[PDB]
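Visitor: For reference, the chains in residue letters:
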Amino acid sequence: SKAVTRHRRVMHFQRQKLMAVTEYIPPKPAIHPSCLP
Amino acid sequence: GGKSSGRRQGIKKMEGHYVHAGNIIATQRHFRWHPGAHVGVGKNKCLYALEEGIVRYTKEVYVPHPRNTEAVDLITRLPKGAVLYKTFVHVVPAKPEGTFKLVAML
Amino acid sequence: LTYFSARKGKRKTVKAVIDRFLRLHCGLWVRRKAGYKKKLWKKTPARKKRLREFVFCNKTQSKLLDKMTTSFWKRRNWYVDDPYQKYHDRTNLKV
Amino acid sequence: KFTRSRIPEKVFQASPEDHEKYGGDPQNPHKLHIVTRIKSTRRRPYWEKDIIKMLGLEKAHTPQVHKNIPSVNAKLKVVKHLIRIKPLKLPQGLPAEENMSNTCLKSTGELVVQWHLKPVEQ
Amino acid sequence: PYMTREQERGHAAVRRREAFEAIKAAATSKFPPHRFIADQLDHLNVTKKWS
Amino acid sequence: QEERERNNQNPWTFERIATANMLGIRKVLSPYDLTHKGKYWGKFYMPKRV
Amino acid sequence: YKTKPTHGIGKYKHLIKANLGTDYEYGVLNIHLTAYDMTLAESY
Amino acid sequence: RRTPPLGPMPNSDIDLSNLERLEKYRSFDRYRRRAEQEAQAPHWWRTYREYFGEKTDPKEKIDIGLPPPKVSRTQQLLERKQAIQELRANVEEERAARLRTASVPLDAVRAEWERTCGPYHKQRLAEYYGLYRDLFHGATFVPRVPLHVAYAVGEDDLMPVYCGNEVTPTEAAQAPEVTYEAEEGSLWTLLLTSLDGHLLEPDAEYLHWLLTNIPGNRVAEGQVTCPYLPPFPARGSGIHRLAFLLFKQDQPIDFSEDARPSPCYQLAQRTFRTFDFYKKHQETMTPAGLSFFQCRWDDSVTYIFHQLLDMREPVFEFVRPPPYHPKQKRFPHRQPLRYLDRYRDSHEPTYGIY
Amino acid sequence: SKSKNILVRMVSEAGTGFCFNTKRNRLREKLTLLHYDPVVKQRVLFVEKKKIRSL
RNA sequence: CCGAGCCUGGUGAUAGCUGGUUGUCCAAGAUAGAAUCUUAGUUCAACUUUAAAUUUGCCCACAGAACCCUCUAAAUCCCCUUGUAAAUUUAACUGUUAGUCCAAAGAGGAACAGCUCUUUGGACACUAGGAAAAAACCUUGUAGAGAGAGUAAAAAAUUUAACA
RNA sequence: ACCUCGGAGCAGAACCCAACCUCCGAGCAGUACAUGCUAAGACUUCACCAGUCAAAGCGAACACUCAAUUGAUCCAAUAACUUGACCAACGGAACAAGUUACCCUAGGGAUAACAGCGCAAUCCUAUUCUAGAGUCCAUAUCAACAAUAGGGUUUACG
Ligand code: FES
Ligand SMILES: [K+]
Ligand SMILES: [K+]
Ligand SMILES: [Mg+2]
Ligand SMILES: [Mg+2]
Ligand SMILES: [Mg+2]
Ligand SMILES: [Mg+2]
Ligand SMILES: [Mg+2]
Ligand SMILES: [Mg+2]
Ligand SMILES: [Mg+2]
Ligand SMILES: [Mg+2]
Ligand SMILES: [Mg+2]
Ligand SMILES: [Mg+2]
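Protein chains in written order, with the entry's author numbering: chain I, 30 to 66; chain W, 43 to 148; chain 3, 94 to 188; chain Z, 35 to 156; chain o, 52 to 102; chain N, 202 to 251; chain f, 48 to 65, 81 to 106; chain 6, 27 to 380; chain 1, 11 to 65.
A portion of the hints provided could be inaccurate.
[Claimed, not checked] Keeping only pairs whose Cα atoms sit at most 30 Å apart, straight-line, the calculated DSBU-like set for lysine-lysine is:
| id | chain 1 | residue 1 | chain 2 | residue 2 |
| --- | --- | --- | --- | --- |
| 1 | Z | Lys114 | Z | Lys152 |
| 2 | I | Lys46 | Z | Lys140 |
| 3 | Z | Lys120 | Z | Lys101 |
| 4 | 6 | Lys355 | 3 | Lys187 |
| 5 | W | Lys87 | 3 | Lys142 |
| 6 | 3 | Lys152 | o | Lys81 |
| 7 | 3 | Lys142 | 1 | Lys51 |
| 8 | Z | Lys87 | o | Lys81 |
| 9 | 6 | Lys81 | W | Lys143 |
| 10 | W | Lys87 | W | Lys45 |
[Unchecked claim] So the derived label-pair ranges between C-beta atoms look like this:
| id | chain 1 | residue 1 | chain 2 | residue 2 | range |
| --- | --- | --- | --- | --- | --- |
| 11 | f | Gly57 | Z | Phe36 | 30 to 38 Å |
| 12 | W | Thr111 | f | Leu82 | 22 to 30 Å |
| 13 | Z | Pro63 | 6 | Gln66 | 42 to 50 Å |
| 14 | 6 | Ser38 | W | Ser46 | 55 to 63 Å |
| 15 | 6 | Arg106 | f | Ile93 | 19 to 27 Å |
| 16 | 1 | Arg63 | f | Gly57 | 25 to 33 Å |
If you are wondering where the hints come from, they were derived from the structure by calculation, not from laboratory data.
A virtual CB, placed ideally from N, CA and C, is assigned to each residue, including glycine.
All chains should be modelled from the sequences, with the hints used to inform the complete structure.
Guide: Shown next, in the form of structure tokens:
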């Protein structure tokens, strides 16, 4: 198929693994700010 | 139409290549590369080496011949201080013209 | 090509090759240029210069013409005052 | 079109935080490499296959020693995703003529010149 | 890198030049093996028998 | 989005891997992926990709 | 060559040229010079 | 992929905003003059001068000549301006200049040229022949004192030697007339060497004349260290150049180590190097004049080798490299029949075993 | 495809027998050129004799 | 079995078409094209094989390859070192070229098709493991025996609406 | 309609690179009359055949323009030099059209129709949007420009 398609074209498995590994991970504080005074 | 194949025209001798007299250096439809030192140009703008040596490509100031009216009218409309440049291919001679050898003792 | 004749049982020679080609004993085949007498008024002197020249056939063409001729045409001849006598043997040839 | 890759020079620029992480010293770089192929040349371009042969990395998991020089490093940067690179360390120094038969390359990258096969008395 | 491009240049020219000369020697030494007269005569042993 | 890139705890990013040709990943990528940096796939734009 | 640092050294057309009058300048003026003497009109 | 330039662009200074209000060349000559100036400037890209221009060392060539004369520019300029006004005052000069009938006297111009800028032009002209490159290994000197050398041909004609003029050995069979302006009580040293006259060592030179401790202009009274020997360029060896070197002595100098027997017909003793000779005498001796000429082979050269030198005259010839032919192939495709003649040695028929 | 020009044969006036073919316009007088004759190794007058074809 | 009877002979007619093409073992070994009353074929080249000769071959540091033209592209060509061991020429001929799918760039169709047509690369027609079964995805190749060992790829996530 | 040859885009930077492709053409004319004779070394439309450039030398003066502007062998004509085909099916057979459902043979799922399968332009259905009809009133009903998904019943495409 074409490079750009109207529907979401399925990624190659190697590319899909790359996307899953390189996902944003928000920083996690040691203690939740709400619980601290 | 438009089924014509490519003419296989381009650089035949790259930078630093050793060439002999008569070797074709570059084939071009238009003057992409201009003949330099010891480089001849044929009817079809074919650049051939006039001497045996090493091929060099440099950027040189382009001063067109006064008889060539079209190119003269181009430099006369340039702003003062502007200078045109073009790529020139040169052949640096490697061997000397000859040597003096002893042949007899009279 | 007739590999075995019907009356002698021997290989024949294609006369088209003999008339159109000349074989030197060194193995080279000398031919003419196709079109050296056709429409000479529309051809440049440089083009006509290489049309009236005698050229050598390459390896594939030479091997083809060696099978279409018998051994009588590969023998060494000693014609008196032969224009191509000096070209029947190679000199200073390596590999 | 898929073609070769031009790796930017900034990629091979170790940061100060990397010298405290991998134990290397930029002032005194190691002399020899320990290259080991850990990936198949199959399903990879032909130019990567040729470089593997030039480096003597035919058989997988077979350590090879190469010199840390730019020309050799140039070939490594092409197949850097198919090999494992470790420095060669010499705790006892370069093997001599009398220590050729007693060498052994451990998994840590160190080449010992006295392979005694004997438990340490300490 | 242990050495720069300038330092590395020419440090293995002799070894590389000698390595190819060994390839040339092996390539130019290809010739049919010697034929001994003992081997030809040893085929007559097929008819060796007891008296 | 600029904040997300700075505080991202993932040590691996699309830009780093694609540019350096890590794992030979450029065999399944596109020349545009060196500039899109994984945020664009076809005509679709992914705002959550860092 | 384009990748070379000397790319574009031969470019020349950007140095060659390919009316409305604003509130600060006069757009078009025709200076008519009428005289019965042809030499005086040509000379001026 | 684009790489930023290593330096300023040739036409970067031109502003493209007000292109219509910029003065153009409007002529071919105006562009050519500007084109030449930039062609002589260094550039960060590859240029013709890089591969074909003669490479020169960053070190400036040292000067071993006399100090320049002291001239008051203000007084010198004042007289010149007045002389021009007097010349322009005459209406006859203007009429001759307007009618294009006036002319200048060549002899008077050269006499003034020889004293004002003659030494500087000769120094530049000497560099073209590579005299400083060979005699002094690049060291230059201004010929402050002009040297007048002329050979007596017959009894009334003279052949002057200014700078590289053609002189035949027949005209140079005897010692020439040497004259120069000098003060009384000064000591001078004449020298004549052939740079390319050597037959064995390319670097070494042959000594033809050496006069030392010359009192003023009296050349004859000077010591005859080396007898005069006519130039002997071998036939077919090209054009040789012989340079006259005139030195000014600060104190009397003893040339016992450089003394040569009279006559000196051995080329081993005639061997002479200007660099080493001046190296051991640079303290008390300084070059003052310079003159040189080019010499060809003629019939008189045969006299020198046979009678004087007592040897066979060597004959040279200009030999060119053999023509290049590609490696011969068994089957030359699309090649003319004359291809075989290119690789054939003998033009006479061969028969082999027959 | 009207034949604007024709191909004619020029015969040397020197009697050497040398001849060459040239192209000329149909609506024109017979040419009289001054061409080089290799037989005498100098330029000799040539005159059109017979038309060969139409171009 | 009559749009031209049957039989014999020419006749082993011819068929670029269909089918078949018999013992063992080992080795090398796949996808540029041009011409063709030619695209169901053939010839040449490319590729492949053996033998032989010879010396460079491949990888590639700078330098170098256009202007009218900023899709200012990915990247090539050239190319000493260097890593390596092939390459060229000579001799003798066969055979393959109705290809597929995946990734990528770009065309035609409808920003459809297991669609068509080029380019780069991979795999497949060569083994094995894993994706459920699986020619084209991933892992992995040079070959045997073992009732030893270490590993490669390799198991989908997700449950959503009160309100002054 | 098309068949040969050339330029531009695809094919962005050495070369090369296809259609049913996207566009424009060429089957000449003009000036020469040394547009003469010879000869190193090279290019080459992916083979061959053809095609292109060319220093020096001899001889004269003091390798014509043009992207294409072209046709091989045999043969005929000719004293000779040279010339001859919209052979345009343009690598060209010296000269041969229809029809067959009366048809025959050898094959082909490389290849059609029916079918199966792929695909969802068309078709079909439900939501989203709230403009607009429904006396007033979006939402009793109905519905525009569109959007978001599903279905594989038609017409097409492969
Ligand atoms: S759990 Fe800490 S505020 Fe409630
Ligand atoms: K067929
Ligand atoms: K045909
Ligand atoms: Mg695609
Ligand atoms: Mg085209
Ligand atoms: Mg019957
Ligand atoms: Mg049969
Ligand atoms: Mg095998
Ligand atoms: Mg035909
Ligand atoms: Mg070719
Ligand atoms: Mg055809
Ligand atoms: Mg053709
Ligand atoms: Mg009917």
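Visitor: Could you check the structure against the hints above and give me the numbers of any it violates, in ascending order?
Guide: 1, 2, 12, 14, 15, 16
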